[PDB]
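Let's start with one chain on its own, the form deposited in one PDB entry, as C-alpha cells.
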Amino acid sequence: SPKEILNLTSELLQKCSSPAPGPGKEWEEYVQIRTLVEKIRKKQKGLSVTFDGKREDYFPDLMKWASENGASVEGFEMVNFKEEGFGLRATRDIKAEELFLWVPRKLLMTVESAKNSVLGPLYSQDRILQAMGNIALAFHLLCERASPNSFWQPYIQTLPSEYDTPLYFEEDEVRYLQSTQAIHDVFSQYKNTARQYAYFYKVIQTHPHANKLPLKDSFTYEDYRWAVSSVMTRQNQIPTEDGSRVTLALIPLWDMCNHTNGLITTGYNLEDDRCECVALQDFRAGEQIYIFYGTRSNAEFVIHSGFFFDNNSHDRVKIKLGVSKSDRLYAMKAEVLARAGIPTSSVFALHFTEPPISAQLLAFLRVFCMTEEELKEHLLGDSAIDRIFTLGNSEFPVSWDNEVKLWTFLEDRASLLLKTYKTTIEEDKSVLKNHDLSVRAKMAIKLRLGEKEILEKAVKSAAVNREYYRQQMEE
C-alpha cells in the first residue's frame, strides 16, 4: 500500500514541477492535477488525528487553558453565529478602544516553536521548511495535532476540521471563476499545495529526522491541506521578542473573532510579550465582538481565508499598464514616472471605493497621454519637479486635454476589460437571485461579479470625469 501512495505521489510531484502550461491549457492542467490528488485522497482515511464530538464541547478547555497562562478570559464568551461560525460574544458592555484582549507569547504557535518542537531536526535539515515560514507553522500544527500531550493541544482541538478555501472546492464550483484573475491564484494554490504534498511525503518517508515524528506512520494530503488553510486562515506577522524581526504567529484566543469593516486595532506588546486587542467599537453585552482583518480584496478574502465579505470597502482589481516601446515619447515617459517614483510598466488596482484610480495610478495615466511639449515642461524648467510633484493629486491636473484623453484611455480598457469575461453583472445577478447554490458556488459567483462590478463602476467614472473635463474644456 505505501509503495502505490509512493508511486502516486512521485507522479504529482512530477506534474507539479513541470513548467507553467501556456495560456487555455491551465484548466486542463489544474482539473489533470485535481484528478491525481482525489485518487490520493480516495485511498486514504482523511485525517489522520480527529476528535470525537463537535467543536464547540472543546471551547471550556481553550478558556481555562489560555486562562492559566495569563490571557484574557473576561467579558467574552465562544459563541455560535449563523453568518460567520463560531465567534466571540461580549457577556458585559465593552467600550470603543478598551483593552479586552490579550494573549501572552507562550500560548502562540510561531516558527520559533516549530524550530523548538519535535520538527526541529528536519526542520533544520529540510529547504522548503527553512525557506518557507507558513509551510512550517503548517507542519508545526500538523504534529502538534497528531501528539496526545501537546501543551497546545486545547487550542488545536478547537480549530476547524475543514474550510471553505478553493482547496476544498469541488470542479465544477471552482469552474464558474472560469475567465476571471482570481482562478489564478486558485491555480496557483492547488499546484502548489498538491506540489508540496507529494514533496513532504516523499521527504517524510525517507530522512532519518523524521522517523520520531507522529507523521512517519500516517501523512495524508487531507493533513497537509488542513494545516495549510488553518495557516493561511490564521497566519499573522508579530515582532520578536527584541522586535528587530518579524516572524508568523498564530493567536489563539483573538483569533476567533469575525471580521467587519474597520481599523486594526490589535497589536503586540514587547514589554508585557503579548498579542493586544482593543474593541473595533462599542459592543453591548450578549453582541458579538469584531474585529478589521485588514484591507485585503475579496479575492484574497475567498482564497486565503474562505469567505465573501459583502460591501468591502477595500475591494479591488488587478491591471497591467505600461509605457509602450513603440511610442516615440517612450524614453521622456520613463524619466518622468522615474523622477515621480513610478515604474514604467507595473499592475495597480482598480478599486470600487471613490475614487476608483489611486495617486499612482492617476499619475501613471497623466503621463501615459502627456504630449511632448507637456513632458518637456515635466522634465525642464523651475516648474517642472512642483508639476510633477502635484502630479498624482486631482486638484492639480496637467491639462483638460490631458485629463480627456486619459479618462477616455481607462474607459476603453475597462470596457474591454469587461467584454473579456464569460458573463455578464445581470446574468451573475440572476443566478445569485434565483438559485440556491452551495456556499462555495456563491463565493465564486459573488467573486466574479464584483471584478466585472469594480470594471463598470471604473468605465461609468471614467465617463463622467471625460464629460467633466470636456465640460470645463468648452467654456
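For the two forms, the rigid core is made up of the largest set of C-alpha atoms that agree within 1.5 Å on superposition. Positions refer to the first chain, counted from 1. What changes on going to the form deposited in another entry:
- Once the core is superposed between these two forms, every option in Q235, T344, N192, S305 stays below 2 Å in C-alpha shift except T344.
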Contents of the next structure:
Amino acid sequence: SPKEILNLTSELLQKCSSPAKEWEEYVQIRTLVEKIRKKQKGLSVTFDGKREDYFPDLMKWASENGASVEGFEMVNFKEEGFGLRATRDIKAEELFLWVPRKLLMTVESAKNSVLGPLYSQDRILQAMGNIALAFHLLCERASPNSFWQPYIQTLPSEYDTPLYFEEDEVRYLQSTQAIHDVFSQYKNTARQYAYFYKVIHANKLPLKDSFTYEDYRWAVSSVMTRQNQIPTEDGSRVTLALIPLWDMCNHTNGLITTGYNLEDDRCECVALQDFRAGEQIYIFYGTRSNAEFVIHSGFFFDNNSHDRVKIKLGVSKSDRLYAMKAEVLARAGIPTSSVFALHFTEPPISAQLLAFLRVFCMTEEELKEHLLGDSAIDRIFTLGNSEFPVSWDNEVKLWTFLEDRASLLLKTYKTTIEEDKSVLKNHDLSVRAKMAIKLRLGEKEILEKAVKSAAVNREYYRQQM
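Given the form deposited in one PDB entry above, I would also like to look at the protein as it appears in the form deposited in another entry.
Next up is only this chain, free of partner chains and other molecules.
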C-alpha cells in the first residue's frame, strides 16, 4: 500500500510534466487521480460535528483575541451558503468588523510553524505563497492543539471549484475559453500533489503519517476561495492571508469598504450604507469575471457587472508592416501579442485593446506619422482614446476586424444560446453543472453583444465626413 501510493505518485508527476488534444490529456490525469484517490482514506483529519456546531467556538476565540463579534451571527443562506447576518441595524460609516493580525494565517505564520524547516529548504514553497499557505493550513488542521483550530473546524469540507467537478460537469465546458483554465488548474494541482507527496526533508510534519490527494485539493481550494491580500509586518508590500470571521462574508456589489489598519494592525470592514437587522452582510471580492469566480471561488455571480471573456490577439510576423506595428505598440507599452478580454458592457474593449486594434489596422503612412511624432497631439498617449481616432478609415477597419473575429469565435461553440437556456430549465442539474452551463452561455452572450457593438461603431465611422 505505501510503496504503491509512491509509485502512482511518480507516474502522476511525469504525466503532469508533459505539455499538450486538451480534453483527452485531462481525462487521462483525471482517471489517474480518481485511481490514487480511491486507494486513499479521504481527508486525513475530520471533525466530530458539522461546521455549524463549531461557529460559537470560532466567535469565542476571535473575541478572546480582540476581534469584533457583536451584532452579527452565522446563517446558512440559500444562494451563498454560510455567511454573516446582522442581528441589529448597522449605520453608514460604522466600523463593523476588525480582525487583529494575531488571528490571521500568513506565509509569516507558516515560516514560524512546524512547516518552517521544509519551507526554508523547498523552492516551490518559497515562490508560491498560496501553496505555502495551503500546507500551513494542512499542518495546523492535523495539529490538535493548534491556535487556529476554532477557525479550521468552521471551514467547509468541500468546495465548488472545478477540482470538485465530475467528468460530466466539466464536459459542459467543452469548446469554451474557460475550459482551458480548468485543464491547467487540474494539471497543475495534480503535478503539485505528486511533487509534494514525494518530498513529504522534514518528517516532523503530521503530513508524514497521512497526506491524501483530497487533503491537497481541500487545502488549495480553501486558499484560492478565501485568500485575501494584506500588507507585510513593516508595510513594504502585499502578502496573502486567511482571515478568520471576515472570510465568512459572501460577495455582492455592495456598499462596504475593506482595508488594513497599519497602526492598530488589523483587517477592517466599514459599512457605507445603513443595513437593517436580519440582512446578510457582504463584502466586494473585486471586479472579477464569472470565469475567475467559477474557477477560483467556485460560484457564478448572476448580477456580475464585470463579466468578460478572454481573447488572444497578436500582430502577425508575416504582416509586411510587422516591425513598424510592433514598434508603435512597444512605444505605447503594449506587447505585440497578448491575452485581452471582451467585456459584456459597452464598450466591449479596453483602452489597451482599442490601442492594439488601431495599430493592427494602421496604414504604413499612419505608422510613420506615429513613429515620427510630428502631430500637434502626442499620438502615442491618445492611442487607446476613443475621443482621438487616428482616421475614420482606421476605425472602420478595426471595428470590421472585431465584428468578424467575434463572429468567427462564436461558430467554434457546440451549443446555441436557446439550447443553453433550455438545458438550464432542468431543476435536477447539479450546482456545479449549472455553473459550467451559465459560463458557456455567458461567453456566447458576451461575443454576441461585442458583434453588435462593433457593427454600431463600424456604421457610425462609415457615416463620418
